[PDB]
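Trainee: Listed below are the residues making up each chain.
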Amino acid sequence: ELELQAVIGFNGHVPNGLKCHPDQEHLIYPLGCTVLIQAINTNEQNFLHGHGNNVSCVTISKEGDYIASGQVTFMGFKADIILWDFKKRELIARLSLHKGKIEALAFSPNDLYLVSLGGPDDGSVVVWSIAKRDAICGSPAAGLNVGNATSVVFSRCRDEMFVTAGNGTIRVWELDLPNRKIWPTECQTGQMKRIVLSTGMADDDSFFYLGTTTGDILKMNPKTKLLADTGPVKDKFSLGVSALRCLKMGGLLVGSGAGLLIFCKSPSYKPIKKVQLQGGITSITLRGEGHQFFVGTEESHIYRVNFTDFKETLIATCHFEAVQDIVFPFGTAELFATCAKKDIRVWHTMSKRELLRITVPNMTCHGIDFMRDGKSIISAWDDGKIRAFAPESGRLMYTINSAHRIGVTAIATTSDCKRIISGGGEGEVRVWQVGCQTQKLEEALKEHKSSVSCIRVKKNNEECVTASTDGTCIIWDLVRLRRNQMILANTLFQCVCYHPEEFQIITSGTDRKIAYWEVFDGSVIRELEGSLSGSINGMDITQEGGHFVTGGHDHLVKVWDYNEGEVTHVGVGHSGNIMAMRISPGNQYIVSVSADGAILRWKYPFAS
Amino acid sequence: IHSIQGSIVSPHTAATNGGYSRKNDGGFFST
Amino acid sequence: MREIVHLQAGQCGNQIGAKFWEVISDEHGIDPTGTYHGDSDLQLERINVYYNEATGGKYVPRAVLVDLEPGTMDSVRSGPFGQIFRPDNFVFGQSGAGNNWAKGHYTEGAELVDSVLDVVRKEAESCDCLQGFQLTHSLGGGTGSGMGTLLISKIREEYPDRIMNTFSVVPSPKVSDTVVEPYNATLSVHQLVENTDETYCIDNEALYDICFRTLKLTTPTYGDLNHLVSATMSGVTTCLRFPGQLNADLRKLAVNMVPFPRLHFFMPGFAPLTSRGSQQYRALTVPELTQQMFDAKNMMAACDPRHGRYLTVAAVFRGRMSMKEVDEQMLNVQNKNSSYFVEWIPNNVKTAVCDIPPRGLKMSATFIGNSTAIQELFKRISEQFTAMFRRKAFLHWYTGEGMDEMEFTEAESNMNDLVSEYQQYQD
Amino acid sequence: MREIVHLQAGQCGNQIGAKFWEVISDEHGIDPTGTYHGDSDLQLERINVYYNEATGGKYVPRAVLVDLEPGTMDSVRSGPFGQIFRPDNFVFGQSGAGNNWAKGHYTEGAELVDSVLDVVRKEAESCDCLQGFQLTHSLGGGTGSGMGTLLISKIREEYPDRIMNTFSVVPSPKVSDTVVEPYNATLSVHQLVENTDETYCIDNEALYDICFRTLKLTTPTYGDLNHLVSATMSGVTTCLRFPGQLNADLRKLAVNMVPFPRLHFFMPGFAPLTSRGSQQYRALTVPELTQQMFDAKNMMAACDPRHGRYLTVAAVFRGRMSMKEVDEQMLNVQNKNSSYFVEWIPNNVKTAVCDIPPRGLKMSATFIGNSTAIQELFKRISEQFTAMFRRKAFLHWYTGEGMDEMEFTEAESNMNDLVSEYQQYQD
Amino acid sequence: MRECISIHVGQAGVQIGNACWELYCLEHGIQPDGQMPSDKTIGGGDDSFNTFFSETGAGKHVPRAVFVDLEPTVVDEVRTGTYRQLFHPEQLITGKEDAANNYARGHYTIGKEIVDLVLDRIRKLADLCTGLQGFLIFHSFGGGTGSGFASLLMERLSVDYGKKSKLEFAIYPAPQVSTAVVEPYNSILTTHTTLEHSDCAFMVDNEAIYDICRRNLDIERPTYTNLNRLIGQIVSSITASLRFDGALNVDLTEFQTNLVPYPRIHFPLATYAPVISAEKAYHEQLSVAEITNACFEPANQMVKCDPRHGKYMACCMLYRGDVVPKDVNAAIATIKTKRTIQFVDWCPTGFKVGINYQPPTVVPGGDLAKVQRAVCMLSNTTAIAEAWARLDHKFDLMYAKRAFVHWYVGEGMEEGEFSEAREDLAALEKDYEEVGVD
Ligand SMILES: Nc1nc2c(ncn2[C@@H]2O[C@H](COP(=O)(O)OP(=O)(O)OP(=O)(O)O)[C@@H](O)[C@H]2O)c(=O)[nH]1
Ligand SMILES: Nc1nc2c(ncn2[C@@H]2O[C@H](COP(=O)(O)OP(=O)(O)OP(=O)(O)O)[C@@H](O)[C@H]2O)c(=O)[nH]1
Ligand SMILES: Nc1nc2c(ncn2[C@@H]2O[C@H](COP(=O)(O)OP(=O)(O)OP(=O)(O)O)[C@@H](O)[C@H]2O)c(=O)[nH]1
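Chains as they are written, first to last, in UniProt numbering: chain A, 13 to 620; chain B, 138 to 168; chain C, 1 to 427; chain D, 1 to 427; chain E, 1 to 438.
Only chain A is shown next, with the shape it has when bound in the complex:
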């Protein structure tokens, strides 16, 4: 099993996903089909897994001994709830009774029983007994004449009371123990028909509140089951009130989808404390008592705040998109760069610490590469453009404008730092001369007739090969500027790499295979099957032919032996389909990046 050391990412798309353990030392969140526990101080990472699909929802026991988790599956299929032992970091139990998806989990206040909310087509609540490994009961959540419910919350003084809400639906329940039966009660709200985003229960259970889809606040007395009071007389907050949090004494913490983090009261709900942040607020929680606390954005930004001064600290983040490619400075294993939508980010590996960001207005990337001197960085954009940036300032040295017209997908810059070889979506490959001041058209080679995926330039700086979306690969005469030879297959060639002696070339197209082709004459060396589920988006081969790595839709990174041609180490937990491989020079780590935006430095199992 390929073994991991460093992980980078969080599912910024889970409303109220971030959780804080009662130890006041573990910050926990789902990471796709994996669940992660983080040491607050010593930043040590703890992964658990076995999920049949990406994790959807999660909750912690009041003791912080039990972890309820739930994934999302395909239509007409059951989803999985997994209970986990915290101190053991161990899979206690698995349940699969609802269908479609699961969106709300709830520990009883005394951690006696569990509440699960099934998908809109499922549309049922189910309570489970931890003592005896079975659902207590369940029922279609709402009445037939209402839209779908959204979020559930237990009481704070009884395990037998709880509430859920959603599309104009507001219910409370009574757990009839002797009959093992459910008792519902929908509430009255006058003429206010709204849809809930966030819910919260009073610690003393005097009241409970919700942030609606409209950015209003609802105050509710449960005992009378009567409306108590509403949100802000005026000045609601755009993109609703996505998340919430009560305070032990009183007063509410509110996060809007507009990235507006506030604290306010009630008799006035007037804004007491305000900061605007970067990323619609998806989760808020308190470190123990919440003098310090944390919030998580849709942009997958993580902020730590002490309520005293009400300033923020972005302490963690990642790409929230499909990270089209990554690359490392040449010869070293200390830092790297990562392209994605809206930006590029240079990162420092061993610290996992983002060294630098690039503000990129209105853009998705596709291709990137370093330069050999640690002074220049070259890019490849879907707008048909290129850019060059400085190594330790990240400033725009140059924008090759309309470098292509249907976008730029596959890039390469020569080791001598003079020529750029580029394959595009129209089927062109342009090589251009570079400089610090001017760049002009060497030529616009026109042989391919679809999108291009990957480029590999020979270390002799005399040949080049490329994988594209037509089934054709061309080895090229870099000097004579003509095709050396052609490799057509029953595939759509996506990733390609050479041989160190350059007498073989290894490829994976769309044929879920790995192929070794001989460059001398055009006779196939070997075929093998690469991905047992899907294609291999990224490969990376050892500089000396010991091994290589393949990965992709199969969510398995697979180090294969090269002198044996056999699967040597498989790593899992990648929820996004694993998009790119990058070898740390020094034979130390692989970096596997997946379409979720998960970046994974997997440790080097064999010997370096």
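Hint data in this document are derived by calculation from the structure and do not stem from the laboratory. Beta carbons: idealized from backbone N, C-alpha and C, even for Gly. It is possible that part of the hints are untrue.
Said to hold, decoys possible - Partial selection, computed: residues in chain A whose CB lies under 10 Å from chain E:
1. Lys99
2. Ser414
3. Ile418
4. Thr450
5. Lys452
6. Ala456
Unchecked claim - Only part of the chain C face toward chain D is listed, based on derived beta-carbon distances under 7 Å:
7. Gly277
8. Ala283
9. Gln291
Since chain A is already given, all that's left is putting chains B, C, D and E with the ligands on it; use the hints.
Mentor: Below, chains B, C, D and E with the ligands alone, put in the same frame as chain A:
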């Protein structure tokens, strides 16, 4: 996103050419 | 620039226009508070088709709602977007409508015409250069009809130069609930055909048919009905505000639609009708989309035109299209049934291509038709009028209101005139 | 391209279709959900003959299943491939015909033909150029016969230029269970002989016989019978969907089979069936393959033509093979029994060659004969019909439905025509 | 010296214009900054651009054409596009109302207050231009707005400047496709209004364009991208005469004269032989014989009027690239010997030829091959008259029942014009037969 004129996606995977269009009833027609 | 200002009347129109504005705001990407989130530059530019910018990044609707009962607009205000509209914008009545056409037509209106005229001319001067206005109400609405009659009548002599779009819904043919609904509908339509140019046709029963067919969530809401009909109306309105290879002008369309001034009523044709599994079970392609469009079940307006023939048709495709597939599909329908069209004039098809797709989907479409399917509807209402006036049922109310019998003569006479004209052409 | 649309009539047809379809899908290597896993380039190419396409690599098929009892089709849905089967195609009735072929033929069908015609014309226009279509049911199937008669009657004048396969299983000569089965059988076949072109004869008793002969597993399922017959139909269809040196056209096969319009009925014959030791006790050689092929014990379709004579024979082989063996083997049989054929036309054989092997085995075949082997069956139906109509038992129901015995009279005259034509042509 | 002005009406014409200026900036390698690179090209406007652009000492090229539009969306879009810096702001004459397909709406309602504006643009181009041999009119018969403004502007320019040339181009009524039935109305309005002043009109059809596209270009789903690519390639081919020099030099005035046997008819057809995909060019070969075969192939005409039903009167062929007059005249002699191609007895000669050394280059984002020998063909034959017969029998029934005429009479006309146009038509056909017959 949509305000782009560079190509038109075939509704199918022309890799397989599921919507087999012939060269005006004379051969291959996708790309 | 060139813009439109909307009229929302009738207790149905109360729900309808609310659904309308919420739909368009969903399209246009603004928070319920009005602080627009920069996502779509082009729609930011062209919001001036409907909305007028206030201070602080909020654009006021150019819509005027009228009614008589406070609780209607009060529930509207309780709705998620009542804050968008102004107390400046809320004209209303001080009494009970009674759901009586003449009660809404003579006494109560006599003193609200002033207010509504002032407000509409207010918005008229506010906007700069106009194509026209659209109205949303019901012909089966006993107050929508009563008020729309007068207001349209006055704006006629005000400005005979613009496009007077009308969107009234038809009560249920199987059950009118209101038994004097034939009285109401006759009274309205007799002069509405004199006044209007463009009119839309909707049947609640047909909506229920559609819901049974494809919705399959068992129990819908008239709000869901509003969702669908507002989808259609918004789609037909999208042309002006959007770029793309289509001549958006509703006049560009109406001139095509109308060879004869007596033609005013038009039926819609919409795009994918989805069910529990059809989402993943469906490859969204223009050919099957055209097939679905031209399908009696997909036609949702009144009843089966299978009984008759098509006079004129206009299709709009929204999303990423090309001229070739739409042209060949028109050829395919032309070849399949040249019979079902009319020898009178060939090639009655009028096509538009809006480039900007809607949200949550890629390919969509709309279609407006002028054919012979309203015939059963109005012959039904005609025999209904005969059967009710023969013994002058429920007459004393309208007599005390001040009406006599003479007007009904030319009312039904105009109806029969339209009857004879339509059949004179289509046969 | 040229395509085929599948039809699923009658409650037997219901199960036999699911079986046939899972056979096709397992041959074609798709997972039950529909997310195929690339192994077979050739079928990857040729899938479009029989499947349509959705987004994300889902191969939506082309068929219509019709019945009246919802439980059967919900059991099918709970079957292993309901997710591959379409609610769009899930058309049905809310009752039963009482297995009353006439009730279906005139009363029940009158209100379901609408929907079935809509669906089939949707399919016909979605596809471009069918070769035609196939039907799967039982002749003894009450709902199957009743619906099939009407649907074929309509679709003939609808599209008179297409292929119309009929796979209809023949009830057991020894026991019929349903005793009105002779009624329904003669009623259906009366119009069937006029309408259809290709008919398959399949018998449960003979399937039981083969079970006792080589299957030998004591306790089979009608599902296993379905497995066998579905294998036969897959074999007859693969030629179209595959490379290999053969003209696959079922029309060409039919015209091979027909000098005369009245030869409608055909006896399929499959290739190796095995016991649990004979996998390793059998050596795969074309000679023993064909020797197994032409066997009275191998004869499973209708009955042994031993007492009759071989009129026409069409044998298809599947898997890699050479021309020499098939040529010499036909010469071998030609000379082994030259007498046993008919002198009217020598060389009544046509052979076909698909190079593509099946999955799970390498060498296989199918064979279809039209010989003098139905005289027994229709003379049986003759005695049953005559004995029934000496006294007209059970006939009051059909009177209440509203028909008359005169229909039975022309039906029996028609089948007497069939008797005389068969006998006079053979001897 | 050698230059011309072009005029472009309607959102019909706007995209095709924008595309063709993209084409020109390509073949000149113009940069979106507005200036050439370190290459020495800038002046007062005397180089390859001297006919096309107007690059003053500021170094900014100003193309010699005008767009008149009534629908602000497209003009604002292009104003927000890539070349707006190249584009002078107000020569993009923009209106605020649309003519609703009505020739007369665009002919009376809005035109008067805008034609003066356009005239000032005309005269301020006229002062700066020197030779200005003629005018290239881009419009459309199915003009929602391309019809009426084009008509009235042509009237004004005919009355003011009758010594020079104006070359007209529209999209024709499809033989069987109709996005409008006001289409015969305004098409015939424009035709008959132009008959007495229009100089020479060359006509195109995008049905046939697509037909050739899916015939050999392999593209099942092209767009106006390719459409405008090819029509702009046609006009570029005709203007290469101005741009470069060649074996012989030909001019629009000679086109008029040698393309008019007799007046009224000035409506020939073009056809471009070497159309092929890049790969098919890659593994096949080009020569004058087969390009001549294709250029006279019946389906290769961009109009579905049958040559073997028609009889030819005028023919003009022009090549770009490297050929020899020996094989050229060999091919033309073979054609003269050929019997299927049928000139009239009246003319022994029916050809005028032109040659340029300059090979049209390739365009980025293009779809064609890498041409080394090209030819464009402008010919006038009798077969076109069926395109007018179809329109007249379409028109007579609908005029006899008076459909949609109420709009026009309400907004201020009568049926006297509609009468006049009918016998104007009848005259044009009867003349066509009277000149086809010997
Ligand atoms: N808003 C709304 N209107 C409905 C609904 N169902 C039916 N309608 C009809 O829509 C019609 C139009 O309303 P109005 O024009 O405001 O009617 P009115 O003149 O005020 O008086 P009434 O029609 O008698 O209620 C009503 O007459 C109703 O019959 C519904 O669910 N919601
Ligand atoms: N599916 C299925 N059909 C069977 C089986 N055994 C016998 N059959 C026969 O298959 C015949 C065909 O069914 P259908 O065509 O659907 O007949 P129907 O019109 O519904 O009327 P019935 O014959 O009464 O069922 C039935 O009449 C049965 O007699 C079996 O095991 N499975
Ligand atoms: N020239 C041109 N024609 C097009 C284009 N796209 C479609 N067409 C066809 O050409 C016609 C355009 O003419 P019109 O619609 O009258 O254009 P207009 O006169 O400027 O006024 P509008 O009605 O606003 O467009 C359409 O009817 C189409 O059939 C295009 O990009 N350019």
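Trainee: Against each hint, give a clear statement of whether it holds in the structure.
Mentor: Comparing the hints with the structure gives:
The interface hint given for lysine 99(A) is violated, since its Cβ lies 61 Å from the closest Cβ of chain E, which is over the 10 Å cut-off. With a cut of 10 Å, the hint placing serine 414(A) at the interface with chain E holds, because the nearest CB-to-CB distance is about 8 Å. A least Cβ separation of about 8 Å between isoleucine 418(A) and chain E falls short of the 10 Å threshold, and the interface hint therefore holds. About 9 Å separates the beta-carbon of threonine 450(A) from the nearest beta-carbon of chain E, less than 10 Å, and the hint is met.
Because the closest C-beta pair between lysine 452(A) and chain E is about 8 Å apart, less than 10 Å, the hint holds. Satisfaction of the interface hint for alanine 456(A) is found here, the shortest Cβ-Cβ separation to chain E being roughly 7 Å, below the 10 Å cut-off. Among the interface hints, the one on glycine 277(C) holds; its C-beta lies about 6 Å from the nearest C-beta in chain D, closer than the 7 Å criterion. With 7 Å as the threshold, the beta carbon of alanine 283(C) comes within range of chain D, its nearest partner Cβ sitting at about 5 Å, so the hint holds.
With 7 Å as the threshold, the beta carbon of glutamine 291(C) comes within range of chain D, its nearest partner Cβ sitting at about 6 Å, so the hint holds.
Hint 1 alone, counting from the list given before, is not met by this structure.
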